[PDB]
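J.: Residues per chain are reported as follows:
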Amino acid sequence: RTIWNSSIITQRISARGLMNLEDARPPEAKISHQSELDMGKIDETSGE
Amino acid sequence: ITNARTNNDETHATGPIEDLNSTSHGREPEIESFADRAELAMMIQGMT
Numbered sequence: 121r122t123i124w125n126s127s128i129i130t131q132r133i134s135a136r137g138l139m140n141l142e143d144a145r146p147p148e149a150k151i152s153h154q155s156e157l158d159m160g161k162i163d164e165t166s167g168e
Numbered sequence: 020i021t022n023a024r025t026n027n028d029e030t031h032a033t034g035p036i037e038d039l040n041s042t043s044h045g046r047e048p049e050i051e052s053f054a055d056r057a058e059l060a061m062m063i064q065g066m067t
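These protein sequences, in sequence, are chains B and H.
According to our numbering, the first sequence holds residues 121 to 168 in order.
According to our numbering, the second sequence holds residues 20 to 67 in order.
Source of the hints: derived by calculation from the structure; they are not laboratory data.
C-beta atoms are modelled at their ideal positions from N, C-alpha and C, and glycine is treated no differently.
There may be inaccurate statements among the hints.
Stated by the list, open to error - Taking CB as the label site, the calculated pair distances span:
id, chain 1, residue 1, chain 2, residue 2, range
1, H, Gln64, B, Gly137, 17 to 27 Å
2, H, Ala32, B, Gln131, 40 to 50 Å
3, H, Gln64, B, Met159, 25 to 35 Å
4, H, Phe53, B, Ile151, 20 to 30 Å
5, H, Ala23, B, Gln131, 48 to 58 Å
6, B, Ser134, H, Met62, 22 to 32 Å
7, B, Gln131, H, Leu59, 19 to 29 Å
8, B, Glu164, H, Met62, 44 to 54 Å
What the hints assert, rightly or not - One side of the interface only, derived from the structure: several residues of chain H facing chain B at Cβ under 7 Å:
id, residue
9, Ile36
10, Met62
11, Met66
Said to hold, decoys possible - Selected chain B positions facing chain H (Cβ under 8 Å, derived; list incomplete):
id, residue
12, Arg121
13, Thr122
14, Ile123
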């Protein structure tokens, strides 16, 4: 391979790999960040 | 002076060599080479 990304190009990767290579967690699989699964209240005035 | 938008041949430098330092002759051929192709394209394979 020749090209190489110089910076980070993974902000849109929620999850990588649902396998189980040894019937356990694959040692480099990525589950989503806890930031994207938050359900907080809304200020009852302007959604938000 | 005259011009030519020509790049597919030479057809403009012709003559006999008169000395191993002669600088105005025609054109002689060159070693018959081969493909030697190896692009640089993000996970190309072996072909060894």
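J.: Look at each hint and say if it fits the structure.
T.: Each hint, compared with the structure:
1. Between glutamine 64 (chain H) and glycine 137 (chain B) the beta carbon distance is about 24 Å. The supplied range of 17 to 27 Å therefore holds.
2. Range check, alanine 32 (chain H) to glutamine 131 (chain B): about 59 Å between beta-carbon atoms, so the 40 to 50 Å window is missed.
3. Checking the proposed 25 to 35 Å range against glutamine 64 (chain H) and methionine 159 (chain B) shows it is violated: the Cβ atoms sit about 47 Å from each other.
4. Range check, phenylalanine 53 (chain H) to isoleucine 151 (chain B): Cβ separation about 51 Å, and the 20 to 30 Å hint is violated.
5. Between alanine 23 (chain H) and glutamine 131 (chain B), the C-beta spacing of about 55 Å keeps the proposed range 48 to 58 Å intact.
6. The hinted range of 22 to 32 Å is satisfied by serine 134 (chain B) and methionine 62 (chain H), whose Cβ atoms lie roughly 24 Å apart.
7. The beta-carbon spacing between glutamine 131 (chain B) and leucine 59 (chain H), approximately 27 Å, falls within the hinted interval of 19 to 29 Å.
8. Between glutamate 164 (chain B) and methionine 62 (chain H) the beta carbon distance is about 53 Å. The supplied range of 44 to 54 Å therefore holds.
9. Taking 7 Å as the C-beta cut-off, the interface hint given for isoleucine 36 (chain H) is violated, the closest approach to chain B being about 43 Å.
10. The interface hint given for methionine 62 (chain H) holds, since its Cβ lies 5 Å from the closest Cβ of chain B, which is under the 7 Å cut-off.
11. Taken as an interface hint, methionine 66 (chain H) does not check out: its beta carbon lies about 15 Å from the nearest beta carbon of chain B, beyond 7 Å.
12. Checking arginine 121 (chain B) against chain H: minimum C-beta separation of about 5 Å stays under 8 Å; hint holds.
13. Taking 8 Å as the C-beta cut-off, the interface hint given for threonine 122 (chain B) holds, the closest approach to chain H being about 4 Å.
14. For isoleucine 123 (chain B), the interface hint holds, the least distance from its beta-carbon to any beta-carbon of chain H being 5 Å, beneath 8 Å.
Hints 2, 3, 4, 9 and 11, counting from the list given before, are not met by this structure.
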